[PDB]
Amino acid sequence: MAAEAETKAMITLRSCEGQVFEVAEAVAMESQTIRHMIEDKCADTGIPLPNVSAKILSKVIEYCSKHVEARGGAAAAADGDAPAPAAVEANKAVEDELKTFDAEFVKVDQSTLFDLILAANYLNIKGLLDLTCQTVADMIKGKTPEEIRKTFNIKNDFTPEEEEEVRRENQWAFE
Amino acid sequence: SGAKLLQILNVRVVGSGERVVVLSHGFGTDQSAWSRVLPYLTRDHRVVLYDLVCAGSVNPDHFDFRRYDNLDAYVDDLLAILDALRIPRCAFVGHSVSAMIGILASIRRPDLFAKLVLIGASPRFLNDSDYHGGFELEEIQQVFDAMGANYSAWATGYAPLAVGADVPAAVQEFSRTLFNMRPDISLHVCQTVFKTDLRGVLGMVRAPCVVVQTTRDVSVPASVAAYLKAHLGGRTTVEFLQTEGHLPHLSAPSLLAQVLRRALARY
Amino acid sequence: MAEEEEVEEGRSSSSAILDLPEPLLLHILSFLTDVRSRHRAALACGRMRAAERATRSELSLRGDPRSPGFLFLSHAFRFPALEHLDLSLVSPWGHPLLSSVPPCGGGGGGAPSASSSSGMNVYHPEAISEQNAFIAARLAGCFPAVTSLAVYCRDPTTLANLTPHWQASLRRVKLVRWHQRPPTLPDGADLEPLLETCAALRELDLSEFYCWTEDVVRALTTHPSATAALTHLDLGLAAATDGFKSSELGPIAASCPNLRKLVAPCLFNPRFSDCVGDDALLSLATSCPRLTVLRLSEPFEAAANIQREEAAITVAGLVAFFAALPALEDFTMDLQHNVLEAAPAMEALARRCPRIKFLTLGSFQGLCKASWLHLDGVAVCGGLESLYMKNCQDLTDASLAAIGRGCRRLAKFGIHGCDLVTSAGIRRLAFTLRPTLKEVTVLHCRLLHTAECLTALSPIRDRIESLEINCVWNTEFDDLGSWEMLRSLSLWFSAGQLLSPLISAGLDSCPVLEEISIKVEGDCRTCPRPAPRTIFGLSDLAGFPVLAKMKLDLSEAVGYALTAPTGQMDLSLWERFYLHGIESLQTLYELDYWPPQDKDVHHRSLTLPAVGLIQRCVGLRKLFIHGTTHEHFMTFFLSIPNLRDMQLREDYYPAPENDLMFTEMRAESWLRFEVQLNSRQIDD
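Top line first, the protein sequences correspond to chains B, C and A.
If you use the authors' numbering, the first sequence corresponds to residues 1 to 175, in order.
If you use the authors' numbering, the second sequence corresponds to residues 52 to 318, in order.
If you use the authors' numbering, the third sequence corresponds to residues 1 to 475, 512 to 720, in order.
With the rest of the complex left out, here is chain B:
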C-alpha cells in the first residue's frame, strides 16, 4: 500500500486586485474571519479579499504560517503531565524564535505597519493585530507629543493658549 501523504487542505485567497494565494487551511484557520467562512463551506471557489492587497496578504500569510509552524513545533504536553525539563527548553526556544520573528516582522514602514494593523483586524488575526498594535505603542514610547507629531507627520493642531493649558493640566503625565 502506497503511503497516503497527508494533504494539507488548501484555501484559495483572492486579494483586492485579483491576485490569488494558495495556503493551507491551517494557515487560513488562524484568521477568525477566514476561519468562520471555512466552515460556511463557501471557500470551495476561493474567498474574496477586496480590502487586502497582494503584498499585505503575502506578509499576513507569512506571519500566520510562521505562527502555525511554531504551534506545531511546540512540544505538546503529554495529556495532563507537566513537560519534561527538556521539553520546556524546546518550547522556550520556539517562543523566542517566534518573538524574534515578530520584532523584525513589524520593522516595516509606518504605512505598511499601519496596513499590517488594518488587515489583522479585518482578518481577525489577534496575534498579528496585537504585535502590530503594540509595535506602534513602543515607537510612541519615550517621546514628547512634538516629535510624535513629526514621527507620524502630524501637524500640531493646538493653539498656544490651548496647548499651554492642556500641558499643565496633564503635568502628572511626564512625572
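A couple of the hints might just be wrong.
Okay, derived cross-link-like pairs now, DSS-like style, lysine-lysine, Cα gap no bigger than 25 Å in a straight line [what the hints assert, rightly or not]:
| no. | chain 1 | residue 1 | chain 2 | residue 2 |
| --- | --- | --- | --- | --- |
| 1 | B | 141 | A | 658 |
| 2 | A | 357 | B | 143 |
| 3 | A | 438 | B | 99 |
| 4 | A | 587 | A | 390 |
| 5 | B | 150 | B | 99 |
| 6 | B | 92 | A | 635 |
| 7 | B | 143 | A | 658 |
| 8 | B | 92 | A | 438 |
| 9 | A | 390 | B | 92 |
| 10 | A | 412 | B | 141 |
| 11 | B | 107 | B | 150 |
| 12 | A | 658 | A | 587 |
Hint data in this document are derived by calculation from the structure and do not stem from the laboratory.
On the provided structure of chain B, position chains C and A as indicated by the hints.
Showing chains C and A alone in chain B's frame:
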C-alpha cells in the same frame, strides 16, 4: 496686632483652672520643650504656650532683625499676646532669656505677672567686677566664631554642654530645636541676649520669684542664683533640683514638675 | 512655453493609525499600562486624548480634591471606564477626607471663661455636609464606574459620605488608617456604613487599616446579610495587633459561608486560652469550605527570644483541616512557635488539596527529611510552584534534593532560619530546578554566606530574575555570567554593614537589573562609629545600566537621631553614611526611602545631609519619603528638574498626629509647595 501674633507665634490655649500661667521657652528651643511637663499643670491651671519669633517654627521671614536686637521687642510680643488673650493677671515661668523677658515685663506690667518662676535665669552672662556671669568676652566671641564658621559643628559641641546630664533624649530634642534655628537670626539674637544686663532692674521686679537652679549648669554658676535672690525686688526663692543641666523640662520632668506644682498652688 | 508639468507631489500623508476605526485604537491603547506614556500620547492629539481618557481603568488622584482646581475641572476630565479608584494619596497626606467630625481647634478640657470677644470659629455642619456632598458628586461624575476603591478612613463619616455614589457597583473596598482609631467610635461602627450601603461588595481589605479585632467581630457577625456574600478578606490591621483570638474568629466564620481568600494575623500563643487551636482551625474550615487563599500569621515582638515553645496546632489538626478544605491553592501559615513533624500534615495537604500551589510556613520543623526510599513531606507535593520557609531548624541538603526531585514545578524557593542548609544543597536544588527555578530567597542562613550562595546559584544565574538576601560578609577567575534575567534584587543589611562587598561577592554585572530594595536593620547606637570617610557603597551599584527604582528602608535603623553620646554617631551622619553615592545612579528613576526612627521621637525626621545627598540625583523622577522633615529643606528639591510624585507617607503605626504643634512639615506649607512644584515647567 496680638491676634495675628497668636497665629505667628503659635499661641494656643489649653488646660483648665482660674490660675493662668505663662510658659516661655529658652535659647534654641520652642514651646514644645514644655510637653514633658505640660500635663502636670493642665489639671489645675489654664496653660498658655507660644513660640518666640526666632523659632524656626515661625516663618524666618517674620524675624525683624532690627527690632529684635533687644529683649524689649520679645517682651512686646509676649505682652501683645497676653493682651490679645484678655489676661488681666497671670504667673510667668521663664527659661533662659525668657526669664529676662519676664523680668522686664513684670517691671513694665506688674499688674499682669502675679508670680514668677525662673528656670536657668541670668540677667547678664559676662563676668564683671564683683560679678561672675560665668563667661568672659573671649569665650563669648569664640562661641560666636564657632557658630558662624560652622553652626552645625558649634551646635553639636554645644547641645550636650547645655543639657549636661547624660540624657540622650533631651539632648536630641535640644539639638532638633537648636538646629531649626536660622544662623543669621541666631547670631543676632545671641548677641542680643549675651549683651542684655538686667542687674539694675531686678529690684523693680515686684512679683514673687521662684528660681530653679540645677546641680551643675555650664552657663549658670550657683552664685547667679544668689545674685538673683539678692537683687530681685519681689519675694524671691531659689529651688535646687538634684540634677545637672540647663533644660530640666527635657531631662528631669519629675523634679521640675514637682517644683512647679508646688509653686503654682497659689499666686 | 509650459514647460510646466512637474509639480504633483504634495499630498499630506495621514497617520493611518488615526484612519483606523476608533475601537481599534481603543483596543491598542487598552494594552498601554504606563500612565506616563498614556498621557503623553493623550497630549499628542485631542482624538488620542479622548482615547486615553476612555481607556483608563485605575487611577490615583494626586493633590487636594477639596481644592477648587480639582473641583472645577472641565467635562473633559471624564473617566467612564475607570474601575479602580485610589483616593488614599490625596492631599494632604494622613487627613480625614469629607469627614463630618468638626476640627478640634482649641478644645482643651476646661470650661471656657466666657469673657473674650475675638475670632471664635463658629462651626457650621450644614456647610460641611454641603461640600462633602458636592465633592462626592464631582468624584462620581469624573469616576462613575468605581467598583474597587481604596480610601484613607480616619472616621466612618468619610465612608458614609462616599458610599451612596458607588454603593451599587462597589465590590472591593480598601480602608487606610495609620493614625489612631477614634476612641469615641462605637465598636464596629467604622465598618457599619459599608455593611449597610454597598450590597455589591465581594472583597474586603483591612491589612493596614489600624483597628481592633473586636470592632471586626461586632460589625461582621451582626451583618450576616453582607457577610454571607463576601469573597475576599484581609485582616492585617496594620500588623499593630497581637493577633485575632479564636473567640473572635468563630462568629466571623459563622456569618461568612462564602469566603474564598483570607489574610489574618491571629493569636497563636498557646499561653492564651483564646489562642487559635486546632478546634478553631476546623471550625473555620467547616464554616468556609470554598476557601482558596489563606494567609494566617502569629503577631510577635522582637523581645520574643528564640521561640522554642510549641504552637497550639497539632499535625492531626493540620491533616483534618487539609481534609475539610479541598479548594485551597494559596496557603500562608507563619508562626513563631514550632509545629513538629508536620510532614504527614503536608502529605494530607497534597492528597486532599491536589490544587495546592502556594505554600508559606513558619517555624515548622521536619517538613522534608528524605529519610525513606520515598519522597517525604513537602517532597511529594510535586504540584508546588511556590515555597517559602521560616525557621526550619532541621532542613538538610538531602531534604533539598528530595524537594527538587518532587517539586520539579517549583518556580520560587525560599528558606529563612534554616541553619543546616549548605551551599551544596542549594547548588543541587538550583541545578535540579534550573528550567523552572527563577526566584530564590535566602535570609539569615548561618552557613550560607553571600559568596557561597552566589557561587551555588550558577546553574540558574542565567535564568534567575529576582533575588533576596541578607548580607553576611566574611572577614581561577571563572567567568561568572552576568545576571541576564535578574531584574529585581532585595538586600538585607546589618547596621554598619557595607554594601561594597556585594559587587565582589558575585553581583557585579546585572544588565537587566531594573529595581532594588535595601533594608538596613540593627541598633546604630550600639554599633561602633565607622570612620568619617566610611560609606555604605551606593555608588558601587552604578554598574547596573537600567537601574531605575530604589527602595532604601532605614526606618528600622534606630539611632540617636540628632545627638549621640561621645563616641557614637547621630542619624544625621548615619543618613550621610548610607545615602552617600546615590547620585551615581544615572538612570535612578524611582526612590522609596524610610527615614530612620528615633525611639524618643515619634517621627522619622530627615536631616539636611540627606537633603543634600538626594538633591543632586537629577535623574530621580519619583521620590517617596516615609516620614517627616523641616519646611526649610523643602525648597531645595525644586532644583531637581524632574520630580513630581513626592509625598511624606507617615505610613507607620502609629501615624503621628499633626496639629499645629510641630516644627516639622505643615499641611498648608504642603499645599503651597505642591503649587510650587507643579508650577515648574517640566520636560515632556
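Each hint, compared with the structure:
no. : hint            : verdict
1   : B/141 <-> A/658 : holds (19 Å)
2   : A/357 <-> B/143 : violated (42 Å)
3   : A/438 <-> B/99  : holds (21 Å)
4   : A/587 <-> A/390 : holds (24 Å)
5   : B/150 <-> B/99  : violated (29 Å)
6   : B/92 <-> A/635  : violated (53 Å)
7   : B/143 <-> A/658 : holds (19 Å)
8   : B/92 <-> A/438  : holds (14 Å)
9   : A/390 <-> B/92  : violated (33 Å)
10  : A/412 <-> B/141 : violated (32 Å)
11  : B/107 <-> B/150 : holds (19 Å)
12  : A/658 <-> A/587 : holds (11 Å)
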